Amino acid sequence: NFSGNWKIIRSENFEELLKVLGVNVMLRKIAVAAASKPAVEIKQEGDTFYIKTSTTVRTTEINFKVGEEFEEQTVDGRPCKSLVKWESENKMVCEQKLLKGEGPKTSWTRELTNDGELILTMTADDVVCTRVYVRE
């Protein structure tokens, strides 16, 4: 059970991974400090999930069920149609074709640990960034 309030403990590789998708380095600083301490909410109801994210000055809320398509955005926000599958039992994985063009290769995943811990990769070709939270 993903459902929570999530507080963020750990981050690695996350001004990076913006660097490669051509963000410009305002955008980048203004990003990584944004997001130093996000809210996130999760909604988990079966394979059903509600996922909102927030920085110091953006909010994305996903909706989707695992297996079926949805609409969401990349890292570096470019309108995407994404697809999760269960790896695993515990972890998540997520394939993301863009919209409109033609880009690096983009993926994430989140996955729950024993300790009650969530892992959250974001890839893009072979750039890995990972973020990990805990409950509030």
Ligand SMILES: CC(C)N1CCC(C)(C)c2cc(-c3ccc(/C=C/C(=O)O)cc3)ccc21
Second form
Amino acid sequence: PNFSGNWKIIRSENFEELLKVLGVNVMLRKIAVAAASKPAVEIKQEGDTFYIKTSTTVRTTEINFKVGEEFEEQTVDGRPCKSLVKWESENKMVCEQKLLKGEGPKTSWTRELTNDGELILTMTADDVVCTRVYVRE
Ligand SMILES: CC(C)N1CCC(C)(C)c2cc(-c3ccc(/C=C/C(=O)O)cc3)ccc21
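Moving from the form solved without the named molecule to the form deposited with the named molecule bound:
And the full complex, kicking off with our chain again.
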């Protein structure tokens, strides 16, 4: 079974720490943390073609990409960035991000499928590592 699914979060570490290092102020961090507690995550995968929708009441992100072909999205803190996703295996994709404008910490994300049917999202901003684990429902 591939990345396709409706994914439900079961673990999170260091989400607020991630927003902190990206310069998001306390009140905005509190809104984002509240929204991130209960996201709806939709992934449709066809080979290298991906649709990923992460939706909360206050902020929804939808990206369409092909692994290996560059695209524009936002960083986790809403900064426009150039993205490129590569395979590290059939079960792990790694995305390197470059800001369009301004200055800021180096950002990246990884999505990995475990043999036990979990999805692990890793988001980094310089030193800081945020891990979110999802299961299908
Ligand atoms: C003030 C509100 C509208 N605001 C602006 C600042 C920013 C971009 C940091 C943010 C981020 C989020 C947010 C929520 C969930 C996720 C991730 C969820 C997931 O992948 O499970 C990412 C960002 C929500 C809300 C939010």
